[PDB]
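Assemble the complex: chain C is given as a structure, and chains B and A with the ligands must be docked to it using the hints.
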Amino acid sequence: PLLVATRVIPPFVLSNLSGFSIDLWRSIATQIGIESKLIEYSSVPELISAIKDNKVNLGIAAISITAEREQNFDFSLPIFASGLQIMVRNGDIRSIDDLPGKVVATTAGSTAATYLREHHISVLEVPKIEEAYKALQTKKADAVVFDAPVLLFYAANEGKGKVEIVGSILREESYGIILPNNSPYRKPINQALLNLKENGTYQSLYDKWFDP
Amino acid sequence: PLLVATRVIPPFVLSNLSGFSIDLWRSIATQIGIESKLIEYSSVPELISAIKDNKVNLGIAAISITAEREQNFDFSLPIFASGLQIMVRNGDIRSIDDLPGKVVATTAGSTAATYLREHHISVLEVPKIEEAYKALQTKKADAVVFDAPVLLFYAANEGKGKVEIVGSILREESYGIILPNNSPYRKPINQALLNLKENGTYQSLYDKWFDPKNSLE
Amino acid sequence: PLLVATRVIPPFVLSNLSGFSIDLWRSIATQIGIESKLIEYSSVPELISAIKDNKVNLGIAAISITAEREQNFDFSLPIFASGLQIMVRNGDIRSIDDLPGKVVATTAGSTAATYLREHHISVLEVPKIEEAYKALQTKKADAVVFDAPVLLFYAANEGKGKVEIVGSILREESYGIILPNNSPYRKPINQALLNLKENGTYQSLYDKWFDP
Ligand SMILES: N[C@@H](CCC(=O)O)C(=O)O
Ligand SMILES: N[C@@H](CCC(=O)O)C(=O)O
Ligand SMILES: N[C@@H](CCC(=O)O)C(=O)O
Numbered sequence: 004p005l006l007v008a009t010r011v012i013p014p015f016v017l018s019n023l024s025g026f027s028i029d030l031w032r033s034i035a036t037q038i039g040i041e042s043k044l045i046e047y048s049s050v051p052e053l054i055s056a057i058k059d060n061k062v063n064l065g066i067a068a069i070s071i072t073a074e075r076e077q078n079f080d081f082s083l084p085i086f087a088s089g090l091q092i093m094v095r096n100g101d102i103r104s105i106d107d108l109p110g111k112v113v114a115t116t117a118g119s120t121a122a123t124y125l126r127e128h129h130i131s132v133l134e135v136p137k138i139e140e141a142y143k144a145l146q147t148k149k150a151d152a153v154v155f156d157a158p159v160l161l162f163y164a165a166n167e168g169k170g171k172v173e174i175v176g177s178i179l180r181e182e183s184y185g186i187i188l189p190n191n192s193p194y195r196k197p198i199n200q201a202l203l204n205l206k207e208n209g210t211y212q213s214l215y216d217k218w219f220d221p
Numbered sequence: 004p005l006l007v008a009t010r011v012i013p014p015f016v017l018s019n023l024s025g026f027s028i029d030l031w032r033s034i035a036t037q038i039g040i041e042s043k044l045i046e047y048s049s050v051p052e053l054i055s056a057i058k059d060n061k062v063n064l065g066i067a068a069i070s071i072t073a074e075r076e077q078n079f080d081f082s083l084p085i086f087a088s089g090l091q092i093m094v095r096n100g101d102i103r104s105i106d107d108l109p110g111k112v113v114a115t116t117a118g119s120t121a122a123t124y125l126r127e128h129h130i131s132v133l134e135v136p137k138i139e140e141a142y143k144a145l146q147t148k149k150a151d152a153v154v155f156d157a158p159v160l161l162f163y164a165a166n167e168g169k170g171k172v173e174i175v176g177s178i179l180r181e182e183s184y185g186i187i188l189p190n191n192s193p194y195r196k197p198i199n200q201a202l203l204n205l206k207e208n209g210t211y212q213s214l215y216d217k218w219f220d221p222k223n224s225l226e
Numbered sequence: 004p005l006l007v008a009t010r011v012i013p014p015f016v017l018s019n023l024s025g026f027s028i029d030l031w032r033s034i035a036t037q038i039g040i041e042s043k044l045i046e047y048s049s050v051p052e053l054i055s056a057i058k059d060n061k062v063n064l065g066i067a068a069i070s071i072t073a074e075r076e077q078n079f080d081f082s083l084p085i086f087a088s089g090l091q092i093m094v095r096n100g101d102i103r104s105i106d107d108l109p110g111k112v113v114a115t116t117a118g119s120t121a122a123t124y125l126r127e128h129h130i131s132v133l134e135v136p137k138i139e140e141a142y143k144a145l146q147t148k149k150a151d152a153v154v155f156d157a158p159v160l161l162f163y164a165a166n167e168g169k170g171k172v173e174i175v176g177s178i179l180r181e182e183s184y185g186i187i188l189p190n191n192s193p194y195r196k197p198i199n200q201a202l203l204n205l206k207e208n209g210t211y212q213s214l215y216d217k218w219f220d221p
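Residue numbers (PDB author numbering), protein chains in the order written: chain C, 4 to 19, 23 to 96, 100 to 221; chain B, 4 to 19, 23 to 96, 100 to 226; chain A, 4 to 19, 23 to 96, 100 to 221.
Here chain C stands alone, though its shape is the one from the complex:
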């Protein structure tokens, strides 16, 4: 059976195991005709090490496809469109223009953390995005920078009436299923994914988590 590394980050991955990426991988696994075990990891870099250490066959959650990651690993066709975005409390912070000199929360080992560090912005790195939302509400942080879809999902729910997404996408990124190089499952994964997109399953799955 295929060993699949995952990471908790709603609405793509939730535990109690559910979410967009979970339903998607399952539809993909069945599409191919193989069984798989989901192994949770605390962060993206940990999930990546699992790939590099050959502990799992692939990884899926809300993994950004980046040049640096593509350099040492491989990816399937994109499974979702994302991008970095700023979120503030419900001001003096309206865009990236205002970030220098502020404290911004985000998850450790994320493309957001890397982007913030490159811009020399003071960062409060937390293990789970949920803790960043708390830092913002408690005012420990002045803003949050993370993947647009995740922030929007939050604003649409728990964050309702308590936050605001400001500015434009600071960095366009798409999600993908990460794999080791020369993986024999990349093509069957892409193949299945394309089928799901061509038969209407991807759409149904999309609406379930992003279209009420």
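This list has only true hints and no planted wrong ones.
Per label pair, the in silico range of CB-to-CB distance:
1. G89(A) - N190(B): 31 to 39 Å
2. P84(A) - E139(B): 36 to 44 Å
3. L17(A) - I38(C): 36 to 44 Å
4. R103(B) - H129(C): 47 to 55 Å
Computed list of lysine to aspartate or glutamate pairs in EDC-like fashion (alpha-carbon distance at most 16 Å, straight line):
5. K111(B) - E139(A)
6. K196(C) - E74(B)
7. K196(B) - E74(C)
8. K196(B) - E76(C)
9. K111(A) - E140(B)
10. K196(B) - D80(C)
11. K149(B) - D151(A)
12. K137(A) - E127(B)
13. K111(A) - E139(B)
14. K148(B) - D151(A)
15. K137(B) - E52(B)
16. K206(A) - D29(A)
17. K137(B) - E127(A)
18. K58(B) - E74(A)
19. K58(A) - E74(B)
To spell it out: a stretch of chain B is covered by chain C in this simulated footprint if at least three of its residues, at any positions, have a beta carbon under 8 Å from a beta carbon of chain C; those stretches are:
20. 75-85
21. 194-200
Don't read these hints as lab results, they were simulated from the structure.
Backbone N, C-alpha and C fix where the C-beta goes; we use that ideal spot for every residue, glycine too.
Just chains B and A with the ligands now, with coordinates in the frame of chain C:
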């Protein structure tokens, strides 16, 4: 010097060779240190066969990534977000629901011809994109179904005030660079494209050939 | 019980089920002592996928034996000699040389379709041949290219006085019973067919359906 198959389809590929894909490939190639020679093909299947028979090293144009093509060929990361859309003369056709029982023109060997056939719609598969537009005017066809980006360009230009685009995207498709299986150029192309997006080059190219508001994410 | 895929296409397969291919299959099945269940399909490609999906054990109608099909599937010995033919309204169009720039109607998924596309002729691909004939009479199409035996049958029947078969055979094609690769029924069917061809049964069936 790599042999690169291309197919004329504005505004991605134009010839008087320019266009969005022409500029994108040039950047990717210049960044990788690769030099190339572009070879023109008359249709998508004709371009695919050149790849299949090892007559070229890869191909780029407005090539939809599909399950069927992915089965025998490889694709880079998507280079564009596109999809099929309906176009009629400026009626009784406003959406997919209005196609069955009608005749829709499109290019032979296109994802649009496939979509139409599979949905049991009568399709006039022409060998030349321009002939599809004609078939609509001549009324030989009731409507045309083709890539949205291409129809918009034709509409805002040569077909301005003579045609109209209707309904939403029938099916979303992304374009990619098609490569032979196990191609050693796949990863470096992906790496190049990713950097081009990260440094803004991609963004600038897109805005050069398209209108920001029409982006399909 | 063997599942047999069929497609309605007179005079080989007609509904009222009869026709040359239907009578031939019955004689073959009776001889091999096999019980069969017929399943109708809307197009040749649909019938083919039924074979590929193991949804049927074989297929018989007016199925052309081509390299592309033989590469992915198998065939019995030919059950008929056919070929592509041009039909016009009741002159100028007489060969492929007059088809450039013309609209030629035929069924979607057929060898005629593939032939026309490969020769860069505009082809109106309809799901039902009946539409092809209508398009010709309505002048939407300038001609129709389809299987000679089928067009001849039409011209003698519903088409009498409104159509004309012109020119010679564009491309010779034989019909066969299509099967999945490694099919254990190929040889017995072949054996059965040969016995019918050798004891006069084939001749009788041929005369019954193709005698002027
Ligand atoms: N898309 C982000 C998610 C990071 C996280 O899950 O914390 C990345 O791949 O870096
Ligand atoms: N995006 C279409 C283009 C068809 C064409 O260029 O004719 C495809 O890949 O089929
Ligand atoms: N002999 C044709 C028949 C097509 C049809 O029945 O639609 C073929 O095998 O393609």
